[PDB]
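J.: The residues making up each chain are set out below.
2 protein chains.
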Amino acid sequence: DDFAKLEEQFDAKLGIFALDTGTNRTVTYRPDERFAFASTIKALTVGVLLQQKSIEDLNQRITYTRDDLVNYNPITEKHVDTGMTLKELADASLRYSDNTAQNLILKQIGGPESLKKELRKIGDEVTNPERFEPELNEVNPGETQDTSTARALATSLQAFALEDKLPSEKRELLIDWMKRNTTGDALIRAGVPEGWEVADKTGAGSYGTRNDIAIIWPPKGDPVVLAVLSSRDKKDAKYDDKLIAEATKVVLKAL
Amino acid sequence: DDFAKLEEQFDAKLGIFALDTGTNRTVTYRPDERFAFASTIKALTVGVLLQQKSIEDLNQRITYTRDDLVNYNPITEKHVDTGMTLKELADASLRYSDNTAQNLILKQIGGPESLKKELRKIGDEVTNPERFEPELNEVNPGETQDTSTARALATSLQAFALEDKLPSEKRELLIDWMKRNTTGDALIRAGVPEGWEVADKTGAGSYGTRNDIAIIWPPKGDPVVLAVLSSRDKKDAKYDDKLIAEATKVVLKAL
Ligand code: NA
Ligand code: NA
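Residue numbers (the entry's author numbering), protein chains in the order written: chain A, 31 to 57, 59 to 83, 86 to 238, 240 to 252, 254 to 290; chain B, 31 to 57, 59 to 83, 86 to 238, 240 to 252, 254 to 290.
Calculated directly from the structure, the hints in this document are not laboratory data. Virtual Cβ for every residue (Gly too), placed ideally from N, Cα, C. Worth double-checking, as some hints may not be accurate.
Stated by the list, open to error - Okay, the calculated beta carbon distance ranges per label pair: (1) A/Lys273 with B/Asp63: 40 to 46 Å; (2) B/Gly143 with A/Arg164: 53 to 59 Å; (3) B/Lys284 with A/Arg213: 45 to 51 Å; (4) B/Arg164 with A/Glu64: 45 to 51 Å; (5) A/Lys255 with B/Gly228: 40 to 46 Å; (6) A/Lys150 with B/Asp63: 36 to 42 Å; (7) B/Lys277 with A/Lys255: 42 to 48 Å; (8) B/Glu227 with A/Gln82: 31 to 37 Å; (9) B/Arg164 with A/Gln178: 55 to 61 Å; (10) A/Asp268 with B/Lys269: 53 to 59 Å; (11) B/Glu202 with A/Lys270: 51 to 57 Å; (12) B/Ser201 with A/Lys255: 23 to 29 Å; (13) A/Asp218 with B/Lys154: 32 to 38 Å; (14) A/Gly116 with B/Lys284: 55 to 61 Å.
Put together the whole structure using the sequences plus the hints.
T.: Here it is as structure tokens:
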């Protein structure tokens, strides 16, 4: 198997689950092994937000302070004195992986416990959110807090983006934001053939954790749901995006 | 494995594909091996019919003669003088496996050729309908005519009954008919625990081909799509429903 060779090449552990919704053909590799989900959780968080809010509710202006700012706030730190609407916060969270935006949206839906409850409701019995950004990124081997699996993350993404968990109008909003993600050019997007459309959400955490979950659309055909997770054995280890791009190539080849 | 043992005991070949839609967990065994689909095709045919006709169109009365009757017409024979509406015909085809009903419906949708085209349009590139009832049941080893695989049949059933290939209103019509099927008590239904709901369509063909495709709802949880196909080596070989009931038990345990 090619995935094992990639693990050797990049000295990392891989977690993969891909599902061609048109044929029910799958590609898996350690699909049920837990990995810190890191920022990929931002996609599922907006999914839940869209479940509880009407489109007009998203125009609601949210105010916050420099006090509310965490470690990575590309968009939010530029509007502290003006506040941002929920819609703008969802945009910043998904497309720029803005940590404060994720925290503000998390508070809007009830916190991590409420997020977990809502996920259990849609059938996700694996994803275990417990903290806010950025501490959620610090997970030690063996711990299950703030972790999930490639199969669970792909399935929950599929539930919100392709299934009936959300009305079409809201599904479209989520897909549009993710299609326009600015942080994943070197990951799944780098591993698919040209002409293929990608909607993804990246993540990076401790122990060199580097993830990307996506819905990919071949030129002609049904979407493919893909979750590629990875981690290394050193807490301070550095990741290599090439690992995800290569893993994606194998998946495409396989499918 | 358990499936290999069942094949030896019953001197048969098993084709199995099961998918838990809530977790994307699957159970497979020769999922891509071709088997004559036999009467399981009746469920796919109704799916295409509901795609073309409106709920009103279903009341469209269809008239036929004793000439239109084939080898197995439990319902259509007792209605040759008054005709039957498309809805009653779909009912007869799905719940009683009425051969004349299937043929009349096939004609309604344009014949085997149109059915195949329609299936190709929803992503099914495997199912190969070519004939009418009852000839379609006669398939020789090596032929692809009127054959499909467990994976394709399950996926196509899921598309019509669980996916947005049909408006909720029509999906429930199909599910209702299949839930009240009268021909499969000794098959998948005999292999599920108490409290589990089943919507299935049976099939029997030459070479001892005995199939059952279904959607199963556990007491609590998302539906499971399951296709259990089987065949023997001798043209006139007899089938045993116990094989399917037993195979279903393994699938459930695995899930
Ligand atoms: Na980073
Ligand atoms: Na029979």
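J.: Holds or violated: 45 to 51 Å for the Cβ distance of B/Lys284 and A/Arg213?
T.: Given a distance of about 48 Å, which is inside 45 to 51 Å, the answer is holds.
J.: Range first: 45 to 51 Å. Now tell me if the beta carbons of B/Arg164 and A/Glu64 are that far apart.
T.: About 48 Å separates the Cβ atoms of B/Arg164 and A/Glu64, which means 45 to 51 Å holds.
J.: Looking only at beta-carbon atoms, does the pair A/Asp268, B/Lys269 fall within the given range of 53 to 59 Å?
T.: holds, 57 Å
J.: Holds or violated: 53 to 59 Å for the Cβ distance of B/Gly143 and A/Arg164?
T.: Once the Cβ atoms are compared, 58 Å apart, the range 53 to 59 Å for A/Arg164 and B/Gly143 holds.
J.: Given a hinted range of 42 to 48 Å, is it respected by the beta-carbon distance of B/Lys277 and A/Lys255?
T.: holds, 44 Å
J.: A range of 51 to 57 Å was offered for this pair. Does it hold for the Cβ distance of B/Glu202 and A/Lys270?
T.: holds, 55 Å
J.: Is it true that A/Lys150 and B/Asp63 lie within 36 to 42 Å of each other by Cβ?
T.: holds, 39 Å
J.: So does A/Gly116 sit 55 to 61 Å from B/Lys284, Cβ to Cβ?
T.: Holds, at about 59 Å.
J.: Quick one: are B/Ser201 and A/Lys255 within 23 to 29 Å, going by C-beta?
T.: holds, 27 Å
J.: Look at the Cβ atoms of B/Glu227 and A/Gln82 and judge whether their distance stays inside 31 to 37 Å.
T.: holds, 33 Å
J.: Against the range 40 to 46 Å, how does the distance between the Cβ atoms of A/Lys255 and B/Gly228 compare: consistent or not?
T.: At roughly 42 Å between Cβ atoms, B/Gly228 and A/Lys255 fall inside 40 to 46 Å, so the hint holds.
J.: Measuring from beta carbon to beta carbon, are A/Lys273 and B/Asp63 in 40 to 46 Å?
T.: Check passed, 41 Å falls within 40 to 46 Å.
Checked against the numbered hints listed earlier, the structure breaks none of them; every hint is satisfied.
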